Amino acid sequence: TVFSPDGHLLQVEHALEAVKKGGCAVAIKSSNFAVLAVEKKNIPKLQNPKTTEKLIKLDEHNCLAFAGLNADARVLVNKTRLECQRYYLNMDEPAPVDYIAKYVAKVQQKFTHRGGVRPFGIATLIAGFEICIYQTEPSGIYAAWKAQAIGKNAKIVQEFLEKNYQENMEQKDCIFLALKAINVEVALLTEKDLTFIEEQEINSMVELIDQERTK
Amino acid sequence: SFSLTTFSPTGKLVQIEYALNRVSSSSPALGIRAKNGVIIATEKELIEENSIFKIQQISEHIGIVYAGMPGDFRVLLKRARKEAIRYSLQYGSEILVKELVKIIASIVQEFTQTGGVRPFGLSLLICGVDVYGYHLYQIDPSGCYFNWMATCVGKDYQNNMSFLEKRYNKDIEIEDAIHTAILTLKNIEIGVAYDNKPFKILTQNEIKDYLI
Amino acid sequence: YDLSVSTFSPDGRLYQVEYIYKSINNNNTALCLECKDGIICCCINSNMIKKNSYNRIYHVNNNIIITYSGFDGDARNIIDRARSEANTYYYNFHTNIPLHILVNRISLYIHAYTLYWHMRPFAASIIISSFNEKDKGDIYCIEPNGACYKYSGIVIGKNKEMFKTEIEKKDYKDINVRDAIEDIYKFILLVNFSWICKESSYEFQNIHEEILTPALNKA
Amino acid sequence: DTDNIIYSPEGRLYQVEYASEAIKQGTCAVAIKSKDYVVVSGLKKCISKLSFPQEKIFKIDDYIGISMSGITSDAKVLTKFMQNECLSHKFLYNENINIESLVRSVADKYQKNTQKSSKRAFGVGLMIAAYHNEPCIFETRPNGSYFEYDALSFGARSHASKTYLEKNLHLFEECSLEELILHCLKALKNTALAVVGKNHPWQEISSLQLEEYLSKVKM
Amino acid sequence: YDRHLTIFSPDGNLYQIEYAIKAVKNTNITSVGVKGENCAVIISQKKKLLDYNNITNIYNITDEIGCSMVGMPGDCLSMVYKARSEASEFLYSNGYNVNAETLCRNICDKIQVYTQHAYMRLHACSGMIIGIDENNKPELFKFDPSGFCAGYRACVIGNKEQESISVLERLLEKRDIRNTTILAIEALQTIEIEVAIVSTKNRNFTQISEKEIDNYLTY
Amino acid sequence: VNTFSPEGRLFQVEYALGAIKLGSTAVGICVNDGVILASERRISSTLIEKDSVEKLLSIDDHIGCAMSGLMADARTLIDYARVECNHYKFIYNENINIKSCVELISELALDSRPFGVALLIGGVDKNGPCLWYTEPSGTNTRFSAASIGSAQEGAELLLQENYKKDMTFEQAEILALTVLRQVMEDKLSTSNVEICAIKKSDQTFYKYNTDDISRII
Amino acid sequence: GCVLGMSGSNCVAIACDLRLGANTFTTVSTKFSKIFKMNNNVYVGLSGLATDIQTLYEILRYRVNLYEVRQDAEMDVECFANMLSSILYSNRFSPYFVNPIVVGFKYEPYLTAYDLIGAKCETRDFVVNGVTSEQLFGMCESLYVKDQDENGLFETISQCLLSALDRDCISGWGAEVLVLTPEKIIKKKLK
Amino acid sequence: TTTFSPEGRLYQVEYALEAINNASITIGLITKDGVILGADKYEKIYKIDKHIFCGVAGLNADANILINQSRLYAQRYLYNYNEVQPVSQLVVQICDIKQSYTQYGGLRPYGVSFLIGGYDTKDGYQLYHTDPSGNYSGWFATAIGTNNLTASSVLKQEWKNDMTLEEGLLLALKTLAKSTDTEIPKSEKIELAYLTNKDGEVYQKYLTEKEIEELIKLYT
Amino acid sequence: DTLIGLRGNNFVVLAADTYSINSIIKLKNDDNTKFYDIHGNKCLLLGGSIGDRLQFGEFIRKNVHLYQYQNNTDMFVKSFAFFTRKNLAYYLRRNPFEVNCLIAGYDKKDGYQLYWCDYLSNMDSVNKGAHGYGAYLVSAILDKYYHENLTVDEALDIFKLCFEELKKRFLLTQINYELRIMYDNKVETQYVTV
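Protein chains in written order, with PDB author numbering: chain D, 8 to 136, 141 to 193, 203 to 235; chain B, 7 to 50, 55 to 196, 207 to 232; chain G, 8 to 54, 60 to 201, 215 to 244; chain F, 7 to 195, 208 to 237; chain A, 9 to 55, 65 to 192, 204 to 219, 228 to 255; chain E, 12 to 122, 136 to 241; chain J, 10 to 115, 130 to 214; chain C, 9 to 49, 62 to 240; chain K, 2 to 195.
These are computed hints drawn from the structure, not numbers from a lab. One or more hints might be untrue.
Here are the computed distance ranges between Cβ atoms for each label pair [as the list claims (entries may be wrong)]:
no., chain 1, residue 1, chain 2, residue 2, range
1, A, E178, G, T100, 19 to 27 Å
2, F, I53, E, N13, 47 to 55 Å
3, K, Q175, D, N39, 38 to 46 Å
4, F, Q221, B, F8, 40 to 48 Å
5, J, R190, C, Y226, 51 to 59 Å
6, B, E49, A, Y136, 34 to 42 Å
7, E, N13, F, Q221, 32 to 40 Å
8, B, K217, C, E208, 30 to 38 Å
9, E, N13, D, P51, 49 to 57 Å
10, D, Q182, K, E59, 33 to 41 Å
11, G, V189, F, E27, 46 to 54 Å
12, D, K48, F, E27, 54 to 62 Å
Okay, derived cross-link-like pairs now, BS3-like style, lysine-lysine, Cα gap no bigger than 27 Å in a straight line [unchecked claim]:
no., chain 1, residue 1, chain 2, residue 2
13, F, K122, G, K29
14, F, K122, A, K99
15, K, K79, J, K212
16, D, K52, C, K230
17, J, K115, B, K41
18, C, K142, K, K169
19, D, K212, K, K87
20, E, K100, F, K50
21, A, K99, A, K65
22, C, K209, B, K18
23, K, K63, C, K142
24, F, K195, D, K117
25, F, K55, E, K61
26, G, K182, A, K55
27, E, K61, D, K174
28, F, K192, F, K236
29, C, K194, C, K230
30, D, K163, D, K47
31, B, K41, C, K142
32, G, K176, A, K30
33, G, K181, A, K54
34, D, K57, K, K109
35, C, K142, D, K52
Using N, Cα and C, we set each Cβ at its ideal position, and we do this for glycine too.
Just need the whole structure built from these sequences, with the hints factored in.
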């Protein structure tokens, strides 16, 4: 849109807020593994109501999570899919998370820049491979992180996450910190392969965090 | 461009509601749907009015009346006819009346949504014939085409909307339906798709044929 | 209401068109006279910086003449439009354009911009004229937003109405063969007199400076 | 109100008028015309102790050079356009561009920007200084108007230079280039100066020889 | 706001259309077009150094067809040029000259599209149209800035309208070229002038002779 | 957008100035033996991957360009500048002279929304290092020594305090490290700076290894 | 390409070869099936080049389903057939060849045969586009009786096939004969 | 079209949503046989394909366009893959349109919120709902239109994963009827329909509908 | 240059040649990967020119991997064949690629599937098929020794037949033939196959 006398952009600063009020998500990182975990609320009766919240797989060796508008997220993500396929076609080799973070950032920016288009309402974060995570704000900036949290009240999750942070850890145990920061949308990027973690599998852990907080 | 209409806080589109008010503020026409035919009529000094009828032939079968802005009727009628022709070129047969009503409804839709244009100012009646049966569809400015056994469109039709039912009582024959139309409507025009597919406007002499 | 070139006023006036009449009303006078033996458009531009030259009059062919008043830029551009028009017509029809059709062409050109909501109308009225023995002299004045009209001589620009008392002596103005100029130089009480007469060989020409001397030295 | 797509009730356009309220911030530049030579000085404003000040002067063609004084971006765009146009000219006709054809063209571009609503008027006004045969100085107001000149000064406190112009004939001492340039440095009073005429085309004596020439106003 | 643009009222009734009709109704150039028995007259008042010899509202758009026009003049010359374009495209496509109403489909639709489309201003002009039909009956139509193919045995346009409908009625009770043209020239007298019949050659549309203006006016 | 203010300044572009004040600081100093290029690296959050975010970039092999203001608009202008100033060398070996790379970027920067960023492009092309600040306004200018970011508000004086043309690029490194360490809250370390250089000889763009800056301090 | 369409008193029958051989008539395939069902009362039998066959039946699948859903009535054969003629004519090049046959009740039987440009013959009786067409019109012109029971009409159309297939090298194995009645459909394989 | 709210919301879409909540109620149910979808209406339920049908709410006049588009998409997918479109993709298509309109355009967003349900074999019987916003979620039961929560929460308080069509439809009707009135819907306008595998065979004048009209004999 | 594919209830098996002749006169370039595994359970055996089958094969690879990364379900192999059908045929007769292809795959409903296609976009479902000039040779064997119910390995003996046949009496083609072997779980190559 247009600069205010301060030089801050309004549509962007407004645009962030939809993320500043949306379902939380986080990623925890390490060598060959990373735990991406979000949170989405749904009506209990309807088990199928959000098979869509689930963390997206842009490529077999790539994975994404987001917070903000879903209606806009489906768009951005599809553009990302078409683009990883484009790079993977023109190179015959897979897209590195760097280049795709760069592409997506170029998009979100572009809409903020060129006229005729409403700015995005979402904040993205991406895991890929060693393994390294890139968060992308609505402004069009992006940044590497060791750990981060998008969503409503991201600061409590994240600054409490700083209190608990530790770098490389276990394939399973690194999961627990995501919960300690964070029903749950768990997925694990590992072996350059995103995976939809079994529902029952975490249930044991789902018990302890429920009770270590109690006892 | 810019859709000049946009939504209300109350959720309504106010502009199309305005056009509804103009049609309500504009001239009457009737439609009545006999078991074996359909009749549409309307209340239509230097002016040679013989060239001017709200009635119009879209095909050998289909005929229409608008209530609102006459030039708006002109352009809608033009696109409509060009669609009956575009269809009859696309396929080997005459258009079903319901299909033409649907295409007119989409054409009316776009301007109500598409940027930079004032929404159409008029209602429509579309009597017709098809292998299914003798038809009568009114089209709303909103794009809300609707089936009718009978209808009204123009000024002071609130009280007048409720005279039409009586032909269905025991007057489903065309010749008796005629009285239902004119007496409900109590210049004038009448087009009737009868047991034969072709329709034709009754002359003022034949208007005196039923005036007695 | 006054904010659009296009939107009508509640009283049907087009204020935005109406302002071009103000522009032209303040801008430099540019009389064009007609003799009964020719036509003489003239200008009195009122714009060390150069004083030597700033011609307002220009032609579309060696015979037809233009003159204007108002914003310099828009009118110069319309002169370009007329050159391209006369030359287009010469490419199609292997003859020079009648003055009449050119005049209507510029009427349409100037008229077009008024209809467009973003587009800004030109701010310059335009005299266009020609004279031949057979093609009798005529002076079409074009007010912006169309309505070009033929004239026996019209003054345009800032002070034209106070000159019209002089031009209204158009019996005496038609009386002249080559001395209408000398009358004008006192009448008006940078400048660009010209020629389209039999002595002109009907071709347009800047009036000669040593022919300009008799006028100025006449009084 | 508030767009150049509409005239004021006065009959004025405000947006284009704002362009001079842009140009007054710009630093003064001055030009002198000897009968066979033209000399154009600028004034390179220095934003910091460590900045090297920008050059107002350019060099569009062999004998053509210019001195824009308004917002820099429009100025550079006009330069790239005028250069591309002169080169298109020569590339077409194996011939140097007419100076006045160029001025008429660039001025056409100004008007094309100041008429259309979506495109803003330029905040700059060129002071072209050249000749295809006999020396000239053109000025382009940020509109379609352009005027030839004998001597021109413009930008910031150009007012001193303007009032001073009356004190000398543009060619009160044309015959020597040193007389000319000393008139130039008087009229204006690192700072720039440039020379074009007769045998040597455009030239920028910004050498330390110019630094020597600087004392000559006080020598 | 709804008034500033071609859009519906809260009452559901269009504004700017009424304003364009005020443009026509304050144009103050009244014109009476009456059909004659096997003929048809179209008259208008022809309203300084200005030439009455130039002025007219009546205009032919083919040999058989002539359309008096009233309203904003630039729009009139434009709608006429559009009309001529229209008949030329129909003839070119189909080999028949347009029936007057067939020219009114083009006139009235082209004049209509302005009404929905908010940008380009609604048409400011209106007038009759006359021509022999393929049916031997002469055809006299009209149009309004709001779309209208109309239809009449008689009509009036301009500052006067339905004021003169009741006045026209008196001729309507008495409604050959003598008999019909007198109705027209009187209808100007009833409430120089320029008269135009299709029935000179019964199919060709020509304005009646200047010498023969007076004889009806004096009979 | 381009609605000229009565004051005569362009509205929009003058509103867009403030965006660079949001900028974290950087100090480019052209010197007789190269161009030094320092910036804040303390911009980092504790948990972003350490020193994994560069303000300073590289338009071409022998150009390096610290950025002000919005990180995004800068990423774009660097993208197109990389493209163009590469495309210049499409068959002929010479890389674009710095003045003209920067002239491209500005001449585009003139004409959506005006960019919120300012650049500090440097490089060696002519026998001598170049230092070009590009204002968001499209005005383009060659400093001998200059700084960007809001800290450049008062830090600029410090250049005026010390800038002599005659310095070993190492001396210049001390100087720019002086002026930029002054404006930082953290005592400067390699996490507080992301310095880069283009030598008068090597002419190659090179971000310093952290060991180096840790060594000089 | 080999296709037939006999008509009957209360029936229509359609048939084909099932070979889709390639260049030099090597039989690359024997299960190819040109006949298709656009509707319970509407069928098309394509022939000529097979690429253009799948592309064409594919486009019909599209536009007919589209029309049937867009307009509730199952499409009448005159519509599908005139539209078909409209389809081919847009470009000769699209089918380097194709010779559609259209068949079905409308409950008067309707048998029509397009040319590849969309030239069309709305026949009252049999019509036989196909590479072996001359043998087809040859046998069927004389073998044909006006109206028959579906089985005698079946053996009839089968004798036109059994006759033609043994004279042409390009004629297929099998026969996807398809007698039908408004309420029933009887496909068979004959050897 | 309009920009984000200062709080962080969209005006236009909130307006169109305001419009679709005022529409007459449509409802949806899944059982073993196939989705059954109710109505307060004139068909107000349209088929996309054979295997797919959608039941709309909102300014339906603009829904007419999404029915036409929908059908173009499904037939286009069949055109491209020789396989009739899975429901989920079709919903992705329509919501791709809706998001195309809410973001860039200058056109007003569609006033339509509609259900869609159908049997891709791959995923069993499907049910979905859409918003002008472009958000879609799967469902087992829904009650869009007026009294969205009021008609939902009855099922939510009285529902199970599997029923017979013959028993389930009545349970659609307990909400659907008691909300308006106990008998009114089958006294007046009404339109339930289902996909056994294909079409919505129940018809309001159909004798099967008498069972609907007979729910009351069961109800009282 | 010779391509071969054979379906049964226990298998799809795509045997194919590895040679790649720069010049038609000589097989200067060897061991080429004609196959394209486009699915968890669908390989694509292309042939003709190397550049056409490469551009087209990579192309179809992307449109399918895109389609699957998109919708949840994997592309059902007939949709894969027909999509390749539409793509290859999309070209105006002036432009189709010179590319013979054997789609082969597995299905959650329809199980093993095979689709023989041509330079012209001709295509059909079959129990066995071949491409190249060698189509004429192996096909009389493949027809002859075929069992509709055969275990996969005796089919592998049948490809041994076909191969030793093409060696003896054709553009001699001795080098080992790779061949993906479908299973309920996975494909199973044999580059060593001679």
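Hint by hint, here is what the structure shows:
1. Range check, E178 of chain A to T100 of chain G: Cβ separation about 42 Å, and the 19 to 27 Å hint is violated.
2. Under the hint 47 to 55 Å, the C-beta atoms of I53 of chain F and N13 of chain E, about 24 Å apart, miss the expected range.
3. Judged by the Cβ atoms, the range 38 to 46 Å given for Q175 of chain K and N39 of chain D holds: they are separated by roughly 43 Å.
4. For the pair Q221 of chain F and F8 of chain B, the supplied restraint of 40 to 48 Å is violated, since their beta-carbon distance comes to about 55 Å.
5. The beta-carbon spacing between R190 of chain J and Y226 of chain C, approximately 56 Å, falls within the hinted interval of 51 to 59 Å.
6. At roughly 36 Å, the beta-carbon separation of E49 of chain B and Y136 of chain A lies within the given 34 to 42 Å, and the hint holds.
7. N13 of chain E and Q221 of chain F have their C-beta atoms about 36 Å apart, which keeps the hinted 32 to 40 Å range intact.
8. Against the hinted window of 30 to 38 Å, the Cβ-Cβ separation of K217 of chain B and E208 of chain C comes to about 35 Å, which satisfies the hint.
9. The hinted range of 49 to 57 Å is satisfied by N13 of chain E and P51 of chain D, whose Cβ atoms lie roughly 55 Å apart.
10. Taking the beta carbon of each, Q182 of chain D and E59 of chain K are about 34 Å apart, inside 33 to 41 Å as hinted.
11. For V189 of chain G and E27 of chain F, the Cβ-Cβ distance of about 52 Å falls inside the hinted range of 46 to 54 Å, so the restraint holds.
12. For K48 of chain D and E27 of chain F, the Cβ-Cβ distance of about 57 Å falls inside the hinted range of 54 to 62 Å, so the restraint holds.
13. Annotation: proposed proximity of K122 of chain F to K29 of chain G holds, straight-line Cα distance about 21 Å (limit 27 Å).
14. Taking the CA atoms of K122 of chain F and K99 of chain A, the gap is about 26 Å. The hint holds against a cut of 27 Å.
15. For the given pair, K79 of chain K sits about 25 Å from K212 of chain J by alpha-carbon distance, which is consistent with the 27 Å threshold.
16. Restraint check for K52 of chain D and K230 of chain C: the C-alpha separation of about 30 Å exceeds 27 Å, so the hint is violated.
17. For the given pair, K115 of chain J sits about 25 Å from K41 of chain B by alpha-carbon distance, which is consistent with the 27 Å threshold.
18. Simply put, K142 of chain C and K169 of chain K have alpha-carbon atoms about 48 Å apart, too far for the 27 Å limit, and the pair is violated.
19. This hinted pair does not check out: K212 of chain D and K87 of chain K have alpha carbons roughly 33 Å apart, beyond 27 Å.
20. At roughly 32 Å between alpha-carbon atoms, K100 of chain E and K50 of chain F are farther apart than 27 Å, so this suggested pair is violated.
21. Taking the CA atoms of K99 of chain A and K65 of chain A, the gap is about 31 Å. The hint is violated against a cut of 27 Å.
22. For a cut-off of 27 Å, the pair hint linking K209 of chain C to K18 of chain B stands: about 24 Å separates their Cα positions.
23. A C-alpha spacing of about 22 Å is found between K63 of chain K and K142 of chain C, which places the hinted pair at or below 27 Å, so the restraint holds.
24. Distance hint between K195 of chain F and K117 of chain D is unfulfilled; the C-alpha atoms sit about 49 Å from each other, more than 27 Å.
25. Restraint check for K55 of chain F and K61 of chain E: not satisfied, since their Cα atoms lie roughly 37 Å apart, outside the 27 Å limit.
26. Proposed proximity of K182 of chain G and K55 of chain A is supported: the alpha carbons are some 21 Å apart, at most 27 Å.
27. Pair hint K61 of chain E plus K174 of chain D holds up; C-alpha atoms about 17 Å apart against a cutoff of 27 Å.
28. For the hint linking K192 of chain F to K236 of chain F, the alpha-carbon distance of about 10 Å falls within 27 Å, and the restraint holds.
29. Distance restraint check for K194 of chain C and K230 of chain C: the Cα-Cα separation of roughly 15 Å lies within the 27 Å cut-off, and the hinted pair is therefore satisfied.
30. Taking the CA atoms of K163 of chain D and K47 of chain D, the gap is near 11 Å; set against the 27 Å cutoff, the hint holds.
31. Of the pairs offered as hints, the one joining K41 of chain B and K142 of chain C is violated, with about 48 Å between alpha carbons and a cut-off of 27 Å exceeded.
32. Between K176 of chain G and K30 of chain A the alpha-carbon distance is near 32 Å, which puts this suggested pair outside the 27 Å criterion.
33. Straight-line distance between C-alpha atoms of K181 of chain G and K54 of chain A comes to about 24 Å, which keeps the hinted pair within the 27 Å bound.
34. Between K57 of chain D and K109 of chain K the CA atoms are separated by roughly 25 Å; this keeps the pair inside 27 Å, and the hint holds.
35. As the CA atoms of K142 of chain C and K52 of chain D are separated by approximately 22 Å, the hinted pair is consistent with the 27 Å bound.
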